[PDB]
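Undergrad: Chain by chain, the residues run as shown.
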Amino acid sequence: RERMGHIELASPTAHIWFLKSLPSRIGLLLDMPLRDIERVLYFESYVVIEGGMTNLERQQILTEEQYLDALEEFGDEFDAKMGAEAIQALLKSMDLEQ
Amino acid sequence: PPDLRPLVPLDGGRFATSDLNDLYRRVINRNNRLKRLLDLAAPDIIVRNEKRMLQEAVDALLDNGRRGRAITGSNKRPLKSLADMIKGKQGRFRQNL
Amino acid sequence: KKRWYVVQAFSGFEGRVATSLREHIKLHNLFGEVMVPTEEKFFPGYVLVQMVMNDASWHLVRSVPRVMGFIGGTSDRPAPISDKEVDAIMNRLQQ
Amino acid sequence: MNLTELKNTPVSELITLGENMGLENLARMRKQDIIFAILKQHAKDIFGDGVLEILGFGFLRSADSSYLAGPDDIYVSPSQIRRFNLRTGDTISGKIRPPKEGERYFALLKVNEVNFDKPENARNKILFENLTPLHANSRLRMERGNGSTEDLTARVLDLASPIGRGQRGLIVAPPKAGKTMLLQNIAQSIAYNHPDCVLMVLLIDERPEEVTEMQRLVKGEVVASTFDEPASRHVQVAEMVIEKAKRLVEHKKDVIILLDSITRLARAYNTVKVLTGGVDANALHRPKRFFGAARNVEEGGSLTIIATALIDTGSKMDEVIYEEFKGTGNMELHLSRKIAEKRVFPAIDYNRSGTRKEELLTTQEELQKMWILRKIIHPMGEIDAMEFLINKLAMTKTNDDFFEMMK
Amino acid sequence: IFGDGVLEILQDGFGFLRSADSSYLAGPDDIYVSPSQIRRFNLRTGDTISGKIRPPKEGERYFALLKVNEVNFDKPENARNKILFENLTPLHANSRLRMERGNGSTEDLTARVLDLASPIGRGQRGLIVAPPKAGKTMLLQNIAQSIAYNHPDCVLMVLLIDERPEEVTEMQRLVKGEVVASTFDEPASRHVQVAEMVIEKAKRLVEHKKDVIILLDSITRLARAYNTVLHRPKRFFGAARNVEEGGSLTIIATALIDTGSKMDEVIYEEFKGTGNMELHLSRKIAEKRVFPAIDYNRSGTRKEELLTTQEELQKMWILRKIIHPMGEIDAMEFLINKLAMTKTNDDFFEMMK
DNA sequence: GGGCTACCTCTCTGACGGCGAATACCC
DNA sequence: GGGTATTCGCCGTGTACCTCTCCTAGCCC
RNA sequence: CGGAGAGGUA
Numbered sequence: 099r100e101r102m103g104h105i106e107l108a109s110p111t112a113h114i115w116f117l118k119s120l121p122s123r124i125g126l127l128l129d130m131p132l133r134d135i136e137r138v139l140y141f142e143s144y145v146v147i148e149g150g151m152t153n154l155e156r157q158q159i160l161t162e163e164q165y166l167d168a169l170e171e172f173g174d175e176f177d178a179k180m181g182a183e184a185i186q187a188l189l190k191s192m193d194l195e196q
Numbered sequence: 246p247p248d249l250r251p252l253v254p255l256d257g258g259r260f261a262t263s264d265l266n267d268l269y270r271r272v273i274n275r276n277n278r279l280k281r282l283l284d285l286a287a288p289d290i291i292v293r294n295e296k297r298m299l300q301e302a303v304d305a306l307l308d309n310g311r312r313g314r315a316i317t318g319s320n321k322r323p324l325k326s327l328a329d330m331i332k333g334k335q336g337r338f339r340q341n342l
Numbered sequence: 006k007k008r009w010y011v012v013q014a015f016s017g018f019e020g021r022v023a024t025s026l027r028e029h030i031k032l033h034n038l039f040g041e042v043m044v045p046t047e048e063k064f065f066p067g068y069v070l071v072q073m074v075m076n077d078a079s080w081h082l083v084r085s086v087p088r089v090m091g092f093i094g095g096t097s098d099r100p101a102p103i104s105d106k107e108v109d110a111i112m113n114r115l116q117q
Numbered sequence: 001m002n003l004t005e006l007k008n009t010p011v012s013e014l015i016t017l018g019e020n021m022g023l024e025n026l027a028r029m030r031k032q033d034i035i036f037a038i039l040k041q042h043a044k048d049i050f051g052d053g054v055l056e057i058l061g062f063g064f065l066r067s068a069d070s071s072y073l074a075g076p077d078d079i080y081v082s083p084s085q086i087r088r089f090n091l092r093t094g095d096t097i098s099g100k101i102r103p104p105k106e107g108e109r110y111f112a113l114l115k116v117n118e119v120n121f122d123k124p125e126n127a128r129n130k131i132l133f134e135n136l137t138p139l140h141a142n143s144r145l146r147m148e149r150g151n152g153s154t155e156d157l158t159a160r161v162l163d164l165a166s167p168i169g170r171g172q173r174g175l176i177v178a179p180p181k182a183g184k185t186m187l188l189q190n191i192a193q194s195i196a197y198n199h200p201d202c203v204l205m206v207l208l209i210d211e212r213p214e215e216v217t218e219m220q221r222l223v224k225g226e227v228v229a230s231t232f233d234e235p236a237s238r239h240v241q242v243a244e245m246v247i248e249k250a251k252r253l254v255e256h257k258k259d260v261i262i263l264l265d266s267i268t269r270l271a272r273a274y275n276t277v283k284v285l286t287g288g289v290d291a292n293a294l295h296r297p298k299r300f301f302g303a304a305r306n307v308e309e310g311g312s313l314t315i316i317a318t319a320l321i322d323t324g325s326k327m328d329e330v331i332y333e334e335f336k337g338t339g340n341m342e343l344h345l346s347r348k349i350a351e352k353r354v355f356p357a358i359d360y361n362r363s364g365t366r367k368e369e370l371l372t373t374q375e376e377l378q379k380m381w382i383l384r385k386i387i388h389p390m391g392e393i394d395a396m397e398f399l400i401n402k403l404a405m406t407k408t409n410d411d412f413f414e415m416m417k
Numbered sequence: 049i050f051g052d053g054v055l056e057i058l059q060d061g062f063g064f065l066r067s068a069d070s071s072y073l074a075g076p077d078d079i080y081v082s083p084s085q086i087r088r089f090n091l092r093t094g095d096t097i098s099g100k101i102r103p104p105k106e107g108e109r110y111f112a113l114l115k116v117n118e119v120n121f122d123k124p125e126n127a128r129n130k131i132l133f134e135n136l137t138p139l140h141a142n143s144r145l146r147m148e149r150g151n152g153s154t155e156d157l158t159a160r161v162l163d164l165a166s167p168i169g170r171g172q173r174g175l176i177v178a179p180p181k182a183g184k185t186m187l188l189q190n191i192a193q194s195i196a197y198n199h200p201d202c203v204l205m206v207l208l209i210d211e212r213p214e215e216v217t218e219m220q221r222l223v224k225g226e227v228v229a230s231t232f233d234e235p236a237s238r239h240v241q242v243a244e245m246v247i248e249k250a251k252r253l254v255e256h257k258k259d260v261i262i263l264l265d266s267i268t269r270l271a272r273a274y275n276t277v294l295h296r297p298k299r300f301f302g303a304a305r306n307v308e309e310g311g312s313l314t315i316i317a318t319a320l321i322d323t324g325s326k327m328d329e330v331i332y333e334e335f336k337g338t339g340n341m342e343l344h345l346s347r348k349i350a351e352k353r354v355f356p357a358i359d360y361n362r363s364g365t366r367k368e369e370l371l372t373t374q375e376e377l378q379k380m381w382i383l384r385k386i387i388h389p390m391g392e393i394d395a396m397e398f399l400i401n402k403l404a405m406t407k408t409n410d411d412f413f414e415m416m417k
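Protein chains in written order, with the deposited numbering: chain W, 99 to 196; chain C, 246 to 342; chain X, 6 to 34, 38 to 48, 63 to 117; chain Z, 1 to 44, 48 to 58, 61 to 277, 283 to 417; chain B, 49 to 277, 294 to 417.
If you are wondering where the hints come from, they were derived from the structure by calculation, not from laboratory data.
For every residue, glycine included, the Cβ atom is placed at its ideal position computed from N, Cα and C.
Partial selection, computed: residues in chain Z whose CB lies under 10 Å from chain B: (1) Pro213; (2) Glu215; (3) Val216; (4) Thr217; (5) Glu218; (6) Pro235; (7) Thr323; (8) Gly324.
Please work from the sequences and hints to get the whole structure.
TA: Pasting the structure below:
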């Protein structure tokens, strides 16, 4: 009655409470609107992670076509991901004091 | 813990299993599928959606019905998530505290 | 030239959705081949279809009963799978 | 594209053909999986055949696998069975298709040939249970006539018990007497003298070395089941054989079944109120119908079943089975162990041998010469008669010259 | 880190690599075999697997197999294209496995009488019928020593199930070969498991064109094991066969009769009609201290013309026609006095004519 | 009929009290 | 640059008590 | 030692 167990997930996932808290804790923390956060987590768009020397933005959202198009001219430092790992990596790249 | 989510030991073989145990069963199903799907090195188009299926399975486990179409039971009755047992008039506070 | 896409319902209905799909193709007379991966089971309900993406075919793939449809970035346009991954699943389909 | 054609092809050609089609490496694959993979790639029409085994659905068993459940069985829907009135044993040959997504067996679309005949001739037919039985009319002579040294066994068999169409005899012989060599001489003589008849050899609960020996020796179909298989398969194989035989007789065919395990088959049914010896009251009913199924049809065709009974095996159960089936048949060919120990082949008991209604298979002068021969052999002993018979049949080639010299 | 052992695939799908020094016993340090590697190489129970292993990580209790280097003392590329044992066509005994030593020693008298009574070939399936205290131990040692002396290339495996531990150590330190046993200190669950590991390893060697000869002195004991926990032991006995494509399997078992229990009589009566060689031993000759106490009249071999020549078969036929009228003791005294005049059986045949 | 494991069809039960709020409309 | 004007669902549902019903079977085997 | 729905009482 008083001991629990755990489950090792094969892929990281986001908490629905903080995702739809009204206001969303994830949303206003990264300055990213909730409109596209739902598409990123549900694997429906892409987000930039450490773009580097390119014409991209830190947290710019781009579709599948824009993902393939940008990959043609920039495929060395370009790095975009989708899902909860993309936002998780974005969370670790964020800073508090700055 | 299992004592906090037991079954219904009625007279018979069938069991009106708790909505939480059904939810935990689905998450393990959707997780063992994804655990095997990655060792096989399946195409991303399958892994991408299957992680979304796992994503929409954990959301129902935590707070079902808040995102969108609530995962129902057999035909119509929705299932009680972990939030429903604490939120509302039938939660632990307003019913047992 | 035909491309590869995924016809996806609620996971589990790989079996009967294809029997009706092949039969629906021969009635409308843009579709190359649908494969079934299995072992002596991966893709529990995800079927790969060799076809071309057309506005008429978009409704046809959604007109077969007991199916959801394509899954991608948005409901506006479906998302293809890959060029190398099709060869990857083809190799594992044989071996 | 036929199933039996790809089964006869060697494994080397099947692997080479598969590699050209662009598939999995067929080296680490089974032969059945190779053919199953080729049929799928080639279908992206296919024809098959087999004996129907109705379970409401059914499958098409193969003869090369002794009617064993295989992954390449063709599924037969009950709708087609109810439409064409198909039964267990009907040979079905038609177009087949590989199993679709979620399926595991080949499906039957259109049947082309039923029991090696047009479907219009099989839809209107008389059942086997309504055919009028008769005695042995046509003479199935076992004598070779080539003057070979192995023909002496057939010559003695003709003088002891002539075999005709629809005959239901029994070969009574203790173990270690020469039943194997005697069965081979009969099967070889049937395929040589009467090649038009359908020869079927059934070996239930026998050694595997003996199975492959008979399969590569006789000119016919060999359906056997080793002792490594349970009695459930022994029952299933026995039923599939007798059902296929009945369907052929219904089409006016001459089916010959050379059974060598009537005692082992009875043990199989007894395994799947206890009397004396350990025999159940309702255990011998199934072998009783399987044995008595042999009969001569007046409208056309016949069914010959020659079983070899086992005696003096040390088990009281086999004695009760033999004593019950003794009064069932109409032909007993006893073999003496004492003559077999003297290395006198064949060791046939000519005294207790005989055939009822033998005048329907031999002429008047032939029956008289056989009657006179028995009146000379009967006073002499068993061993003395065989030595006398062998020394007299070795001087000439045909039995007619022997009878002419006795007078 | 390198390892070796015989594979034992469990029912769940995975398996372990048992050790040979522990008589195929489940040990805490067994090597775990992943199901992926089993599907990759089509491995089955009995396949000798030798390759690189690794120690268990946090949460594991067995050594994981990373890469296999040698399969059944051969390369995996040669074992992938093989024919299963169930598809091999059995045949009768063709090659002659002569047991005569040829050194003229008095110990060879047991092997000489055995060759004149029951010639043994490759793929033979016989039974050594003998009551208790008849000389089965001395007869078995004479056969094992004669096989290792005449045919050193054959793989000799003496599997002793439900026997004394002191007798196991004596046989292992006397014969030249592999000795696996399972004493009565453990229940019949291990007796069945060890028996299966041996027959599976034997079948794999036959598939690799090897001549496996198994001297199992427990067919009566193994039958009691299955009856406690005749379909299983009969398939184990009938597994012996001569393969035309290559290799053979000879299983020489010793049956126990007149043991005071009627159960053993039914087992002997049922297995009598299975094999094609019976070597009966007489208790009267055994109690008189006349070794080998072999009943020449009760002995015999079916299809013996495929292992002996025409002149050899005739001499054995004439010898039996003279031995049969004489009594059991009189025949042995006649045979011993005639074989003692010379050293080889060729001189005996020349004097009889 | 079922054994591991699939198989339904519906999103933008609908009101109001309103409430900060995503979007949008001017000021 | 923002201060209101749409909008589309979003959380706010008196207490206690009594009776009664309903509860999954789908697919190729 | 349940979940929804219906009816009734103060």
